[PDB]
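A single chain comes next, written as structure tokens; it is the form deposited without the ligand.
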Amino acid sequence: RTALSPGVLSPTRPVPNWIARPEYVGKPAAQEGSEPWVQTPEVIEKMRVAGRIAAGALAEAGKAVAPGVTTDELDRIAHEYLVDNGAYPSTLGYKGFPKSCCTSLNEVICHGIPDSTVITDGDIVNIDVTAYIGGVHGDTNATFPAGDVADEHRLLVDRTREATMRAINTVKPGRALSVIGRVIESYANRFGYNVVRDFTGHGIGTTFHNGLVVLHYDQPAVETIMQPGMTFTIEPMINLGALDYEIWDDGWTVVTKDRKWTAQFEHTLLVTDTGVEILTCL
């Protein structure tokens, strides 16, 4: 299976005019980065709605993953499930991003832009979908196998899913945020994999990236302590190869330099009074 190359982009997909657009739509930058890390009860409830819709959109698009399909098509499907549910696709118009979800095949670490690229037997593809409704965001992603995937790749995907669930299970108030990256990296290294460091999880709420950064590798210098009402993503990218990468001319598509495949899974989490709640569930 040859290394991927930029495909061709379909035109901007329309969104019903009555669905509110986040404030950054169409602008070069977003007004985000200094919002409270702990959300109000109102916002937490709204985030449950957003997270459920994003989860449903991810699941719909994931069902279309099959050899023969284009990533653009996956985008068409998630976009339509969001709009149908009254949600705006947060990535659409986010810092110029042109589509409604990110589709990251094989060696694309993250932020692949859905295009003409056709998926072939044995590929793996991450679909990342964010919903904006009720003035809040919810983000989730998962990597899906297409046809007869090699065992190496099936294990990568399964172990990345397991690393993410183990990290989620450690979320609890009063525990250091750095426990998450410790847990992910220890599990990825058990199998000889490498955890991407330059791309991270993040606080999410009324803004898409609110300033809070969640690392997926071991970095005990971070002193942040998890607090009830904090909302953030856990979304480790795990590489079979080296971490060195390149970003395509589009300014979005990140690919591994050695072209070895990489997988990712993600949920939006809430720190509750005693533990965790996954908000991006159906």
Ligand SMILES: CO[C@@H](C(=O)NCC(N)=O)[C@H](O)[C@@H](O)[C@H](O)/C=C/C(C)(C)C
Given for the second form:
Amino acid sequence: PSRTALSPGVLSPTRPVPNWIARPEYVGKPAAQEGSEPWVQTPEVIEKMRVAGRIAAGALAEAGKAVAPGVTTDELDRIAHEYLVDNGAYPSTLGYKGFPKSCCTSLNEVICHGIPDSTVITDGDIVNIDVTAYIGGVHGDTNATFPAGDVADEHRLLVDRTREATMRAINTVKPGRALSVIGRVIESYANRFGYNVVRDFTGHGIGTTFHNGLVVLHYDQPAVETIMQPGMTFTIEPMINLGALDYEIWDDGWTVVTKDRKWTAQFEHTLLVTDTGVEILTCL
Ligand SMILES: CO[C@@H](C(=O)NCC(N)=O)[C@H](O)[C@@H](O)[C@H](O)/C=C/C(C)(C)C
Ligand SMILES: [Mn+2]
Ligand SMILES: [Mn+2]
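Starting from the form deposited without the ligand above, please write out the structure of the form deposited with the ligand bound.
The next block holds the full complex; its first chain is the one shown before.
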């Protein structure tokens, strides 16, 4: 047996960031200045995005190595926070629209945007950790779902097939292809197993802003006319549900849970379209 439905816990105090680490503009504001930026980046921005992506990937991998029964989601956030700050990076989630932590931790039926707290991971859980770094005036965003202890076959397979969907989508990225191929590939692959691909949450362009106004759908919708071009940078971050797509948001305003409490899995990378194909910016 796996655990039953989650409830929110208590947050630790806000984690500080040394003042020499520049903040994104939206920290200490209610909204963010984003959504109207160009989608193709300049070579100088891309170079800085490789640095931000590698730091985010290191923070994700170090917090993922900690995932085990008995560990809290707050302890994962401490590891991610300290990794970013030791690397001179600001955690992009911290203070975005008042989000109180440095990464998102989404167990089990939480589709996304779970808030690190006193929740104890236990055997059988699947734990998504989502970390974004802001350094050099740019962002790098990545996430992965990690098993804790011996995960039930249905849940294990959900995670492994969501990772495979994500990688198949990434491997479609090439200049001249329609962006809509990403969602066509993910949803065709997920529908082999009877899973439902989340529609209301999406990938996005990313650069000097976190969510730059480019939207990447993870379901099939061939009427989008956007083409991938060299220098475009965006995330692929599909959420895939065992159950229905209906969802609820907790009173914290962030945590999104499936209404049927069936589990859900996600993986994410920040990608660059190159002249011949794709480059994963959020790799070690
Ligand atoms: C699904 O989540 C993505 C997203 O909201 N996409 C756009 C959308 N409207 O669906 C998001 O970019 C995550 O990858 C990111 O790590 C988290 C950021 C905050 C919690 C600070 C917002
Ligand atoms: Mn993310
Ligand atoms: Mn993202």
